[PDB]
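*Asks:* Here's the letter readout for the chains.
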Amino acid sequence: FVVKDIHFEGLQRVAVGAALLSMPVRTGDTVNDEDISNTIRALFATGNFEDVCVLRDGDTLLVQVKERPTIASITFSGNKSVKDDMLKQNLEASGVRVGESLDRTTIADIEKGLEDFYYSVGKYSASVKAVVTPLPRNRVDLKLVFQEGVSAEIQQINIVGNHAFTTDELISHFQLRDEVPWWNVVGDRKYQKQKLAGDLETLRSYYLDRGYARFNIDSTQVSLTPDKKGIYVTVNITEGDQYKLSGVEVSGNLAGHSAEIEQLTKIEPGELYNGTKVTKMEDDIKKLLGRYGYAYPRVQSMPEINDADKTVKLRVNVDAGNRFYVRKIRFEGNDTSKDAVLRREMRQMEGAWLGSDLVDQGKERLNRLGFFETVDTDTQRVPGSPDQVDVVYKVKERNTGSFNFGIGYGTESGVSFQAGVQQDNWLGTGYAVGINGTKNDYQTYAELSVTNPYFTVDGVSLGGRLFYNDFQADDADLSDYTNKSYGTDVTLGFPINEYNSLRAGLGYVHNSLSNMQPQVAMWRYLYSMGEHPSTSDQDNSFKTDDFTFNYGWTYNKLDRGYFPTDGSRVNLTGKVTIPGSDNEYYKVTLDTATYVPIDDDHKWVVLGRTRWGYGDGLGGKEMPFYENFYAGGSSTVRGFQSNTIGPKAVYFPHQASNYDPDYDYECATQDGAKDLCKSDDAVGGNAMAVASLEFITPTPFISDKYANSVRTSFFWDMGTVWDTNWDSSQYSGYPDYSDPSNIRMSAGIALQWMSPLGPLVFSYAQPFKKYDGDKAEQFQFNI
Amino acid sequence: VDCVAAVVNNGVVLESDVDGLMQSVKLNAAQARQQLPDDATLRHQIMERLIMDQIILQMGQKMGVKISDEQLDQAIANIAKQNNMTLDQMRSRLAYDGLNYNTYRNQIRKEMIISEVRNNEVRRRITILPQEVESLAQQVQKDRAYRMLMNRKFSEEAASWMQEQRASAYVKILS
Amino acid sequence: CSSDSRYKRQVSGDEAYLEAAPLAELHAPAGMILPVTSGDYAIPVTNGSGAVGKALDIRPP
Amino acid sequence: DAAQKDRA
Amino acid sequence: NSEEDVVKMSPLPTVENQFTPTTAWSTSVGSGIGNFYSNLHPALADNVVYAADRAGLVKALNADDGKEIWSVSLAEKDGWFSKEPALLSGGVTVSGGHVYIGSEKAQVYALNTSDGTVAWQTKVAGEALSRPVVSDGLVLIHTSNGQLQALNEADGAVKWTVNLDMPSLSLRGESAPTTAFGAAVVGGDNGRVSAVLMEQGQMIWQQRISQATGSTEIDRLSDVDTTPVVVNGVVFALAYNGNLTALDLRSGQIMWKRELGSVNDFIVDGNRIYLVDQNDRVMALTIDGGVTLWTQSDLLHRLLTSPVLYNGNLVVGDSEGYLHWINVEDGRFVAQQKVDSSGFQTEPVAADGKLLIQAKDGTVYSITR
Amino acid sequence: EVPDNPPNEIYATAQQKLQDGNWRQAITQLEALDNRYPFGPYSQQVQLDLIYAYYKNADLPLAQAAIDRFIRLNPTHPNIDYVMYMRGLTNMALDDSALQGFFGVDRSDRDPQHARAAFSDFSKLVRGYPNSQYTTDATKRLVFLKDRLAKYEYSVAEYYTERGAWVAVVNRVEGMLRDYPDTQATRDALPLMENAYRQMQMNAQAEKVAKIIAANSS
Amino acid sequence: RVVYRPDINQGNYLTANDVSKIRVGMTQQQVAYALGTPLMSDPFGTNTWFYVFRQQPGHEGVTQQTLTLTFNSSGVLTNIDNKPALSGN
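Protein chains in written order, with PDB author numbering: chain A, 24 to 806; chain F, 25 to 164, 393 to 427; chain C, 25 to 85; chain X, 1 to 8; chain B, 24 to 392; chain D, 26 to 243; chain E, 25 to 113.
Looking at chain A on its own, in the form it has when it is part of the complex:
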C-alpha cells in the first residue's frame, strides 16, 4: 500500500539523505508489493550494507540495516618471515585500513595473497588464518595467526640435456645454492621463483655468450617431496651448437655519424656469437647517439643465421629520432641549501641539445659535494611538442656540521673545556667555516677558518685561516714551558680540468717561546740558528718571525662525499719560505686515500690510505722544532697514542734550573744527575710515511633503512716516523732512530656512525708490533 515515511537504522557511515538517494519509492508512491526486492537489491548492490530489512508493522516502511563494522585495530602473531611494515602496506594495497569499513571477501583475498607469498619463499606447510574478533557498537578487530612450519629445502638441481658443460660448473653459477660447503656458512638452501627466473636467464646467457646460438630452454619442473620438505629443480635444454659471426651490417635511419658507428661495428670475422657482445654493442651505440642529441634511439639486433654453415649475419636496426633539447632545469629537496650552490655544479648546460653523458657527469658531481645523501636523475618530456626534456634532481639533505667537545681533566679545573664546530655548508650558502677553541690551566688555543669555493663562478676558490696560541703556561709563567705564537693565512685555488685543482696563497707567523726544557734536538736546532745558550738551566727565550709561501695540488674523482665506495684522491701541499724570513726551509705533505670496489653492489671496498711527509731546511737552517711531524691515534696509525711515535727527546744532566718545586717538573732534575736522562717525550722528525689498509663491510645486524649511516672496518695500519738529522756520537748510548726500519703496527675493528652531533668513530685496536714508549691503548674515542 501507500507509505507515509521511511525510517532507517544505519547512521554511522551513510548520510541521512544519502540513503534517500537510492530510494525508488520516493516516500510518496504506493508499494506494488514486488518493487521491495528490487529496492533491496539496489541498496545492497552499492556494496555499502550487509543486512537489508523491511517492515510495515504499522502503516510505514521501516528499514533495518547492518552496516560494515569499523576496523579499529589490527593485531597479528606467528610472524617471523614477515615483519610489521610489509604486512601493513600489503593490507593497505587492498584498501582495508583502520578508520574505514571491513568487507569480508577482501579478508579471504588477503589470506590467499599471504599463502601465495609463503609458497613463494618456501613455507609450504604453513597457513594464514584471520580471526575476526567482534567489538561492541558495530565494530570488529582482526587477528592473524601464522602457522609458519618450516621453509622449503632444495636437494638437487639437474641440467640433463647437456653435452658440452659439466654439471658442477653450472650449478655453481646459479644464485641458488644446491649444496653449501660443509666448512662454510656463506649461504643457505632457500627457494624463490624470482631467483629461479634469474638463474634460468643467466644459464641462457651463459650458453649464448659461448658461441651457441640455436639454444633454448625446453621446459622446467619443480619436484616436491611428498612431505612438503624438499624441492628438486630440473631443467630441459636443447644443446645446439656453436656459431661464428660472419659479419654485421648496419641498417635504419642512421645519421651522418655512420663512420664511427662502423668503427664500433668493426669485428674480426669468425668470432663466436655472444649475447653479451651484442648487448655491449647496442649499449655503446645508444650512448653514442645520446651524446649527439638523440636520447631516444630505437635499436634491435637481428641474429640472421644460416642453419647450415656455422654462420650468422647480425643486422643492426637504428631509428634515431629527433634532437632532444632541455627546456628547463628543476631541483627538488634543496629545502635549506641555496639554489645557486646546486646549479653551478651542473655540466649539462640549460638551453641546448641534450648531453647523455653530461647529465650523468653532473649527477655524480653533485654527489661529490659531500653534503647530500642521495642524488638521482630524472628525464621527463613535455606533453606538447615532440623533442623536449625536463631534468629534475631529487636530492635529500644530510647534516654537514660537526660538533666537537672535550674536557680538561677529571679534577675540578673549573671553566676548562674545548668547544667548536666545523661547517662545510654554513647556512647552505656554500661557505665553509671552521671555529674551535680550548681553555685550560695548562693551555689555551683557538682558531678560525673561512673558505669560499666559488669566490667567482668559474671554479676559483678562496680560503683563509686565523689562530692565536698565547697560553704562556696558564699554571705559571715563571720557569715553565712558555709558548706564544699566532699568524694569518690566506689562500686561493682554481681548477686545471674536471679532476685537478691546485691552490696557492701566502701568510706569516711568528713564535715566541721561553724557558724550554733542555734536550739535544732543540739545542742542535739553536746551534744551527747560530745561538749557543746554556745547558743546565732552562730560561732561554727566543722569538722567530717567519714569512712563508704555500701551495698545493689535489686530484679527486670519487662517487660519494661521505665514506664513498669507488675512486681515489690525492692531497699534496707544498710549503716554501721566502727571503727575509727568520727560518729558511721547505715542507711538503702527500696524502692519498684509495678505494676499490669488489662487488657489483659496491658494498665490499678495500680502502688504501697512504700518507708520506718529508721536510728539510734550506741554506743550513733546519726545520723549526714546532713543525715536526707526529703519528699515532686517530687520522693516523691507531692503537698506541696520538703525537707519540718517533724519536724521543733526551735531556742533559739537569739540576738547579731556575725554579723546580719538588715532586713536580721532574723531567731530569735530581741531585744525582749523572748523565743524559732518557725520556718518552716524542717530537718527531721531518720525514714521515704512514700506510694504512682496511676492509669495508656492512654491519651484519643493521637494516637497509640505516645501512648508509654505519660503516664497519677491518683495519691494518703501520706507522713510521724518523729524523733525518742524527749524531752517532751523541746518540751512542741510545738507539739510532734515524733509520726508518723501525715500524709500529696495530690492527682491529672500528665502528663508524654518523650522528647529528657530527661523525662518530669508535675503535677496537689490538697492537701486534710495538717499540719503546708506545703505551698502547686498545680503545680510542674521537669525533
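There is no bait here: all hints are sound.
Some but not every residue of chain D turned toward chain C, in silico, with C-beta under 7 Å:
(1) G46
(2) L73
(3) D74
(4) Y77
(5) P155
(6) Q158
(7) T161
(8) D162
(9) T164
(10) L167
(11) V168
(12) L202
(13) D207
(14) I237
(15) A240
(16) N241
If you're looking for bench data, these hints aren't it; they were derived computationally from the structure. Ideal Cβ positions, reconstructed from N, Cα and C, are used throughout, including at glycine.
Based on the hints, put chains F, C, X, B, D and E in the right spot on chain A.
*Replies:* Showing chains F, C, X, B, D and E alone in chain A's frame:
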C-alpha cells in the same frame, strides 16, 4: 517483512526469492505432486540450489555476457510450442496463477543466462578422444553415440564445476 | 626564550610577511603588444574588513 | 528435477 | 635458523610384541639413496637378489646367505670426470636374462645379469623416475616430462612418445604404468589417468579423478602418483589430494569413489584393499562399495612406507627404522622391531614366501621370523 | 591510554587540556577519543580539533593527511574554507621552516614546491569563498607567494646571466613576463634582455625592450 | 689563461643542408618536421622564430650563426636571414 536469505559474494538472495520457489513450487509451478519428503526438510536443498543459481549469475555477469530480447522472444515461443498453449492465454493464466508477466520475463532471462553460461564453460572442460567413439559404436553409431557421450560427460562435469564454484565462493546463511 | 604570545589562536610562524610591497601592473608600451596576457595566477579582487595576523583567532568552531 | 516448465 | 617450529607430532605407539622377528643378514651395499627421495627398491628373481645404489654400483645377491655373486659400478667412464655418479633412480626390474635400471640422467640401462655387463644403454627423452615395466617385448618408463616412452625389450627403439600435461608444481615420484590385455593403466601429474595400447601408442580414453577445489590452486597439486592395480575388469586409482576411485577399464565410467584418498601407495588382497593415508593412517575398504572395513589411526606423520601383506600380516616401516607387524583384522601392533637407524623411504617387497626391505645406508635387511 | 568513559567527561577534559595548551598530551587523549569513537555524533569537531592540535604542535605530515581525509567526508559544511585554509597555512609553514629567522636570511630561492602548493590552495579558496572572513589574509599570503616565486626565478635568471647562458636567461625571463607580469622582480629583471640580446647580437629586438624599460622606469 | 672552462652550449646546433631545403612559403608544421622547435622565439608581436647556433668552448673565441624566420599572422614563412654572425668582436 522481506528479509535477506543469505549473502553471495557481491550479491544476496532474499526471502521472497525462495518464496517464488517454495510456495510457487512443490504443489505449485507444474505437476503439483513432484516430491513430498517434507518442505521443512526441503528448505536446505532449495537454499543451496538458489545460492548456486546466484553464484552462476555473478559469474555470467563477470564475463560480461548478456542476452538480447530477440533470444528471449524465441525462447518464449519455444516454451509456447512445447506447452501446446498460446502465449497470450498463458499470460492470462499466469495472471491468476500468481506469476506476473514481468517476473516471468525476469525469471526466463536469468534461466537462459545461467543455462548458456554453464553450457559455454562446461564444453571447454569436456574432451573427446577419437578412439572411444569407435569402440562405443561397435558396442551397439554415426555420431549418435557421441550424443550419449556428451550427455554423460556433461552429467559429471556440471556437478564438478558447481561444487568447484561452491567451495571457492563466499557463502553464509542469514535467516 | 618564550613561546608564542599566549600560544593560542596564532599562526605558528612570524608576522613580518605583512611588509610585502604593493602591486602595480606594467603598462603596455607605445604602439606594440606584449604576450603577458597568457598567465594563470590571477588574484581576485576582494574587500578588507578582515582579521590580519594576530587578529586571526583560529579555533575549531 | 521437479518442475515441468524449465529453461529451453 | 630460529624459525624451526615444525608443526607436527610423531609420538611412539605402544610397544607390543607377540612374536619376535629376526634379520637373516645384511650386506651394506653402501651410501645409496641417502637424503635423496627416489624410487629405488631391490628386486629378486628365482633365489637371486638384485640391488643397486645411487653411486652406480649394482650387485647381484643370493638368498639365505647374502653372498656376493657379481657387482659392477655404472661409473660414466665415457663422461668428463670418467667416474662421476650416474645417480641411479629407476626401479629395479628383472626380465629374463635382462635387468632394467633407470636413472635421473635420462638414461636407462639393460643389465645382462650373469655376464655382469649391460646389454645396451639408451638415452631416453627426459629423466626416468618410475620403475620400468616390461610388456610383451616392450618396456614402459614414465619420464618426468609428461612423456611415456615405449622401449623395445631387445634393444632401444623408442617407439611412441605420448604427450601429457605437467602443472608447474608436480611432485616427484610419478606413477608407473600397468600392462594388461594390451592396455596400459598409467597416471600423470595432472590428476588424470588414461589408457594406451602397447603396439602403436594411441591414447584410448582419459578420465580425471583428482578434485582439489581448494583455496589456492597452486598448492592444490592433486596428482596421481601411485601404481594402479586391476582386479578382473576394474582398476584402482589414487590422487595425492584424495579421490579413491574404482572405475571401468573399457570405458571412462566410474562406479564409485571414496573421497578419503590422500594415498601415495597401496595394495589389494583381491577382497580387502589396503592403503596408507597422507596422515599415516591405515584403513581397509570393501572392494564392493568402498565401505570402511576398519582403521587404526595410531600413527601420524611418521614417514611410513608402502603396505605389504606377508603370511597373513601387514608390514610397514618408518624413517626411524622401526618395523611394524599389523594385524590383518582391525589392525594391531603384533610386533615392533628397530631393524636399523639409517632411515627408510623405499617400498618393501615380499616374494617367494620371503620379505625384502632396503634402508638408506644399511641396504638389504632380510626379514624372517 | 585513558580509562573508558562516556563522551562527556573525556571530551570536556580533552577540550580543557587544549585550552591549557599542552598539545603533546592533548593530542594523545584526543586520538584515543577518535579511535574509540570512530563515527560518533560529534566526529567532525573531533577531526577539527585534531587539525588544530596537530598544527599547533608542528605535526605537518599527519595534519596534512588528516586534512586530505576530512575534505572528502564532509564536502559541504560551514567550515570547509577554514579547513583548507589551515591546510594551505600548513603548506606555507612547511615551506618557510628553517633557522633563517635567527640569522635573518632572505629565504627566496629555495624549492618552491610548497609555495606552489599553498598558492594553489589559497587561489582555490579565494575563487570558492571570496566572501569568507579569511579572504584578506589569503590575498596577502598570495601576494607573498607571488613575491617568493618571482624572487626565486629572478635569482635563477641572474645566476645564469653572469654564468653566460644568454638564451636560457631569455627563455626564463620570458616565462616570468608571461606568468608574473605584475611583480617587482620582473621590473628588476628587465635589463636582462639588454644584457643578452646585445651579447648575442640581436639589438634589433633590444630597442623595443629598451623602450619598454624606459616607459616603465618611472 | 689558466682556469678550466667547461664547454658552453646555448642553442640548437643546425645542419646547413637542412637549412638548404628551407624556402619561402614553407610553413610552420613542415618547419617543425624538418628542423624542430626553436628554443627561443619572439613573443613581442610578430611571430619570428630564432635559431641560435652558438658555442663557447673556453679560452677561445665564441662561434655564432644566427638564423631568423619571419612568419605572417597566418602560419606561412615570409623571409629568412642566414646571418653568419661573427660581427665585430
